[PDB]
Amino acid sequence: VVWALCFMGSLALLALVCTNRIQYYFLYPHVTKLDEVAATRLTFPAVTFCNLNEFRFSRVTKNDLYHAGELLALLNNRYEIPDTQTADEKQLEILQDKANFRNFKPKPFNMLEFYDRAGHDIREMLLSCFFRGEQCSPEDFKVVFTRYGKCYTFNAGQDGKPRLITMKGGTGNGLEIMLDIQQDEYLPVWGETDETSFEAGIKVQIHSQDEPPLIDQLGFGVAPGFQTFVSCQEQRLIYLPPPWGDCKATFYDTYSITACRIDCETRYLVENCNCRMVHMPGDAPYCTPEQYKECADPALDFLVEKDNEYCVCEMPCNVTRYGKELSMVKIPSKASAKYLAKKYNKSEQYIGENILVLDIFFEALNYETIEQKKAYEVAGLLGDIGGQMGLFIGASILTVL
């Protein structure tokens, strides 16, 4: 009877063990494969930056002041220079003249035109630029409008030009730019608004080229008077869609959290303000300075600060993250100050307050992948249900003999 018992058991094993599988298969489990290597021909990311100051004082015209005056806290609700102004006498005297609206006939005004004309000029800010031993120029930077206003992106990849690639670790295989933030052009700050700031310097965001920047939210800061080193590591993350995961596959061409937020924010403002901020996509009318102040700014602030319901984006199936390690040294040194001052025709003090050097590069281990993989596909299921029957057909043959 022992053989018969063995045969009976052989059936009861192909029963449990094959049932263990189908249940496990239908849980749609996954594994996450991690790897960190030194990739060759790494694709250099896009680098977007903004001057923390949105409007050059010297480009603000009488008409500009008339329309955007109250928005910039340079005027009160009755087109007068505020009682509570805190300006140096020379600038106050320049503004009091500008704010003289006697016999003044207002002329069509537009925030986008204002940003484009008054925003800091890359041609003036960019003192020097080098990528992998090659000299780059203002033309190598693309204009992109953000909430900070007129910003610039290096290696945007929208020119159809050949890819910029990194191959070795260290500053040499990266980007180095020397900027002049031009504090002498900073708009006087007389109050707190979404368009003014207490700070001097630039905001920077390193991002994949198929992903738009969200620099007011996700950027990092770089201060004047320093050379800042940014050692990076590219991290590629891949996710599975349902049933294995939660991701969504690809106004914008590729799906990204940012692209999703911008799209959502635009619809929200259009719905609640009947206008879009000038940096938003679409064809809705541009918000007036009054709309910015009364509706648009509060609306966008609500979304990026308090909102928990409206602009909630789902995970992309493909995300590229850039790990960053920042460090810095002082510029200029006492020994080099006079050289730089004479070179760019400034005072030594100006150099120390306005000049900055930014280095963006990758470390040796420049590439990391974190990919979700199907842990138990239909093929693996069979191979188990199959290899198990190859043991029951043997346990039945021995019984047969």
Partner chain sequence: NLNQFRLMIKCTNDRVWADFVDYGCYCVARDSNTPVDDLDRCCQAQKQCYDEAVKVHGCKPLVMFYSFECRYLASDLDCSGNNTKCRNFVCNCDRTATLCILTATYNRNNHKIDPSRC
Contents of the next structure:
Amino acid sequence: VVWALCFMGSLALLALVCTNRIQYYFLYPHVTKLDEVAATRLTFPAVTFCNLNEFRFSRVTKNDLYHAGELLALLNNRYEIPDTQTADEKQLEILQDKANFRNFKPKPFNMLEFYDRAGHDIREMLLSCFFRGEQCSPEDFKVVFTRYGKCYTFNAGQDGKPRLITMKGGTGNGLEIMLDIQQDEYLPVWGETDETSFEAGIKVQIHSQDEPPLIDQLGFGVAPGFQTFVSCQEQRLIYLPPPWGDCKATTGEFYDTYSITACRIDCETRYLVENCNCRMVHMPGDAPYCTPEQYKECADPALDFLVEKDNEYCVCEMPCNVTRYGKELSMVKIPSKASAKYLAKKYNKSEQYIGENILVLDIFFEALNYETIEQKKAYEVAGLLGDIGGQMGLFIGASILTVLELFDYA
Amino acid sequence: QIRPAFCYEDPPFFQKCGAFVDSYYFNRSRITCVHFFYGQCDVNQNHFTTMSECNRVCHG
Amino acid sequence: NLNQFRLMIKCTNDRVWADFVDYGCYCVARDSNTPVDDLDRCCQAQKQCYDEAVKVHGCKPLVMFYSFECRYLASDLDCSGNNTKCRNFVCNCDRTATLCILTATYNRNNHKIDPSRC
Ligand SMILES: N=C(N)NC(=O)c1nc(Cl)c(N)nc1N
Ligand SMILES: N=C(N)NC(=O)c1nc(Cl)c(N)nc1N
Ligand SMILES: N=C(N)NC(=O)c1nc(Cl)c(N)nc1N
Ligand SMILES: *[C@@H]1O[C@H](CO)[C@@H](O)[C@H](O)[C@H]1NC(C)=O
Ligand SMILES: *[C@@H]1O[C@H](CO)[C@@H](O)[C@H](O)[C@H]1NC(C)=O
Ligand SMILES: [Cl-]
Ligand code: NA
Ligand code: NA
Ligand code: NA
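With the form solved without the partner chain done, generate the form deposited with the partner chain bound in the same format.
The complete assembly is shown below, putting the previous chain first.
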């Protein structure tokens, strides 16, 4: 009888091991698997850029200045050129005249229309553009409005345009653009607002076509007076949805592929509508566009707060698919002394102008292979069963046969 | 005191102690309840199986 | 602005914002001379608060944004996170008024009434 005690004494211990394995399975654990994937091709990403200056000086009209002057620190709250004028001679004269509102009658005004008309024009900025040996043009850039205003996306892959592709590492197989940032067109800076900057240049974001830019937060800078090389590495991150993980596949609201940025732009929009009863002109939805006074009084502070300071309003669920681009930047000078005169003549500018306004930007991949990092289910059904039946043989000597035998017996 | 004090606690975002499931927590910045994925780390009680429940108990 | 006020109220009160929107004389942020009761007296000191905000500090309490933290205790409702006098001041006008609302009692018959009474 000592045996039947020992047999069910080994059976008890088997039950414990088995419930452990079952409890583990119902945690739905995951592990992370790293891999390097060699490729014959890569989809070239989308490339969004913005001039750091939001409004062309030569495009600001009396009416513009009337509605938006205070926003841009060109006017005080009395609609007057402030005596804190940190301006040269000619520009003050132009602005004084433009600010003469005596017997002026205000016409309708809209910030979106104002960005669209006054913002820098890709057709003037783009001195040249090449992708993989092929010449590209302003028609290859899609307009996208952002917090910086009127911006441009290369290779947006929208409106049925196919996504461009790279097939080798290195500079020849990417994008090269020459731009004129047009500093003579920069708005005089007479104060500090969210729409003005102390800086000259562009902001750039390299991103998947399935995600909108968030260029004020996640871009990188590029300076005039240099050729900048940006050597990229693609990394693909894959997460599991529930019950294994907490990644979110799609959103059934403003954007139809889910990404952190889509999430943040949704939140920001809901937050502005909720707190200001208006949206900024780059945000999606139906709500009215904030007036310049609303930008100044409510929308700029609310968005600044939400980004910088709020800790709970927006907390975005991780997306199941994330494409990320590691980047190595470096710079050389443009123009050389030997090329300044040539560039000056070619674009009808002085050499000083070329030196202050021209930049070249090269974006390309180091190598074609991309890295993948993936959450894998760590203990599926097949693994649970084969583990249970392996513990049988360890505790009892039980088997798939030994088990079928006890149905013949019973 | 209009809503319980646990309503103001952060839910355990991204923390896994088991299976992830749809849940709802009170967001003290929106002042309303919001969907999230709960992974069984019972760190506090700011998590509900349904939106209405969360809105009933914590909305006020 | 009134979106923040409305949220401050929700932070501390289950009474739907509608019931305050046109109630009495002053609710919400409307002018008059004689308040109908205690609740309407809250709005009064609130309207009185905006009017000082405007005239002394140059705030635009009906347009401007401010932030606030909703806490467990209505009393603990916090305005200290604001980074300017105006945002500080107007946040406090709204904090004062939402607390006052908690003291005062609400007569549905003083809600959306005839203009003659004020
Ligand atoms: N001219 C100013 N007053 N600027 C700021 O106040 C400010 N700027 C920046 Cl960039 C910031 N992150 N927070 C701020 N409060
Ligand atoms: N990002 C921010 N937090 N900015 C400010 O706080 C701020 N900025 C500017 Cl530019 C300004 N004129 N006043 C401010 N209070
Ligand atoms: N711990 C493990 N690695 N188990 C298995 O690999 C496994 N075993 C068995 Cl017996 C099976 N049928 N399927 C499996 N996936
Ligand atoms: C999501 O990941 C899968 C697996 O790698 C991939 O096939 C798919 O293209 C990804 N989704 C997107 C939108 O890229
Ligand atoms: C170039 O020089 C200035 C630039 O505006 C202009 O006045 C002039 O007409 C231009 N000439 C040509 C040939 O483009
Ligand atoms: Cl955000
Ligand atoms: Na284990
Ligand atoms: Na700024
Ligand atoms: Na708040």
